[PDB]
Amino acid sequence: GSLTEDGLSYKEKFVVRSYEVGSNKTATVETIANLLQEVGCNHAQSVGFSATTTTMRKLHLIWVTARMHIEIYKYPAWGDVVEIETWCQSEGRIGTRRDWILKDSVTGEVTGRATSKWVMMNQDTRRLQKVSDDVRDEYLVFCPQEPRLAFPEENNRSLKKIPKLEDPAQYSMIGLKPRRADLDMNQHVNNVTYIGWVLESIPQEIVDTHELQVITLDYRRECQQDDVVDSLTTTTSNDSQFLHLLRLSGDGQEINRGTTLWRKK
């Protein structure tokens, strides 16, 4: 992996692994999301982070995901080389955005694109806050100044408001718990695990006859290591659309809400 010529974006190539593919012998959406996370981390390392800046570590502040949106046109086959380009952009005092473009290394064609919204949070109190001027100046030297968006369209799916699923759900997967492989180096549940949990309530027949085209996921609250989650899905629709909800099994506290779009194979 390496920063591009202008140093305002980062590229990395990955060879799709045998354990990373599903029944179609192509990468799962969770493998894609793990690769996006990996190239994001390698971008942050290449410009001097550890994604906390000097001022963020001084004030016990971190970046947390608020939303992840992914659109896949072609999932890379086992043994294929996929090239991912990533960049960051400041969105004023609201937060930051990380975008990705996925390409087939052999053809050079765009096979996927993703965008994520990040908010500032105090590590200890867990209180969200706006971005300060000092933090904005610190990361503007690593971001393109003119807008560069993976989803530029006028009324694009990445910015749509997602409603709350009403009980009873059409489908459900109950009692989901994270194991040690689901945790990151800081012992927090990996963001990709939540995508897997959302997909658990999609019926097997949809997975067997459809390919996932779009997934938009809102992150409201974290799942702790000893928490238990319920995954809920309701069909909202050639294409199939679903409305999703992750909540704690006990009190029913919302942790995530989302939507998926699937196309018939």
The other form holds:
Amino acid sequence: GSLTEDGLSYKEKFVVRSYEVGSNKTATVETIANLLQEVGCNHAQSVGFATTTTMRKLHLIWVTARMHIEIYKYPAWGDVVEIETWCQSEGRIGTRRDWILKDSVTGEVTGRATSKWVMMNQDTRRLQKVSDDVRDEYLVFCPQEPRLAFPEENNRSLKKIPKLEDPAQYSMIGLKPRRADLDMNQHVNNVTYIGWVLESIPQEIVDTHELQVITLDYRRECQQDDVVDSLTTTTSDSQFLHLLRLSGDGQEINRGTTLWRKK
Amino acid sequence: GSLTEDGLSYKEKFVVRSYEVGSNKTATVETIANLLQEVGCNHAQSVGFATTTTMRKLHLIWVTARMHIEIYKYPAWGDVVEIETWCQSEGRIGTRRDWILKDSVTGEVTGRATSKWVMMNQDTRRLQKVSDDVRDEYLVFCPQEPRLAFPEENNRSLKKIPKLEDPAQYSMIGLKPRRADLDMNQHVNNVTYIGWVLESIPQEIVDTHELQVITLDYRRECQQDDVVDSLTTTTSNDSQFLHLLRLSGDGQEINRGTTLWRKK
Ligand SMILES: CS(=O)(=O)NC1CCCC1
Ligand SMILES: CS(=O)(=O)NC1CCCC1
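I've shown you the form solved without N-cyclopentylmethanesulfonamide (8BT). Could you give me the structure of the form deposited with N-cyclopentylmethanesulfonamide (8BT) bound?
Now the complete complex, all chains and molecules, led by this one.
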């Protein structure tokens, strides 16, 4: 791909692969989430990055706090999808990365995503506000006027998510990451949590419904030697409340909501 | 990609992605195996397929019996890899698909693969020899003279694999497939078995060695509701292992294999 003419956003085209599609021969939400991750990485590399020069010496990293994806049409196997991505400063709270998914042939928006990132010390795992020294290093790569993939005042991407009460209606227990679930730094890839959340959705729902919206809050990281329980309860179109927690102590790692539409 | 000038092989270029690399910032063997699978699919689509018209009528499918991969250099993140693939008839035994991996910049062969496919009834799971009616439908898309990715007279792609004896030196217990491990037909993707085999290799070996060769025999398919046990034993500068995947319950064999690793 490449940066746009103003250098304030990045675009990339992807051809949907055979192993990237589900039973309906269209890209899975995990394939979509991997593509957003890839275009985000290519945007950082194209402008020299993410971690700025100040973040590196201070052992600071950007970590995902919240992910929100809305899909209107899942691209078919062999189709070309164009993804446009950009970043925006959210003051001292952190940063935001947005995405727009379009069909390469028709030019219509087939999906959109937004994510909230927060600064964290790599070693102590302690959150912190964005300093001016850090802010000045990345602002020159962001639009200065607001540019939101989800502009709607009071919309699905900023709603509070409650904690699922025991007993859960559905559950998938004993989930463990394998080496394919780890990134280049040996941490569990954020897309694996989406897959784990979806494992407790019954197969009948997956077979008769399509996933329209998914919102995920990231509370704690899952280590390579950790075991996760996936819990789901219907709250309703079908809506579900989700919870990932450690198999042992029951420590929360994620919470989320999904909205599905009848095929 | 596209078929070559003679239409007897297919080539495709891939840029290695961020989430496709391991700790060394190079493509994993599972990424490589997915790319071979994708180029094989695009080859069949480009010539009108890989079930023929007769195979669809008789509920017959091509299933993998053996996979053999040898990697000399794993492509780095952001690198372009070119993969050339072709098929060859192995008489009435079945078919073979071979691959050649090359660096797009240097043009050098960085890896190669071969696989044995056998005809099976989709419903009864019963193997069968390739009939003349089926053979004539795909022969016109194959080279007639032999073209082997592993030509050597004493190559490791045709060696017999023994069954691992209990107790195993290493093991990874309770492995279950998730929805991302399934293909478009809701069957476990063949690349998941490679990942499962590698889960019983200790992390220290993965951190100090690079995987050079992997040979896998496919004996039985793992269902979506099955649980697998991965067993490994060292048999050996270079390290060799004997592998076995079996069902967690009854201990029914699903796969057996061997891996060869070299010191980084
Ligand atoms: C514009 S960018 O996403 O490539 N760079 C990042 C912005 C937040 C910190 C670095
Ligand atoms: C050209 S191809 O790879 O699609 N040929 C195949 C041989 C087995 C059946 C199809």
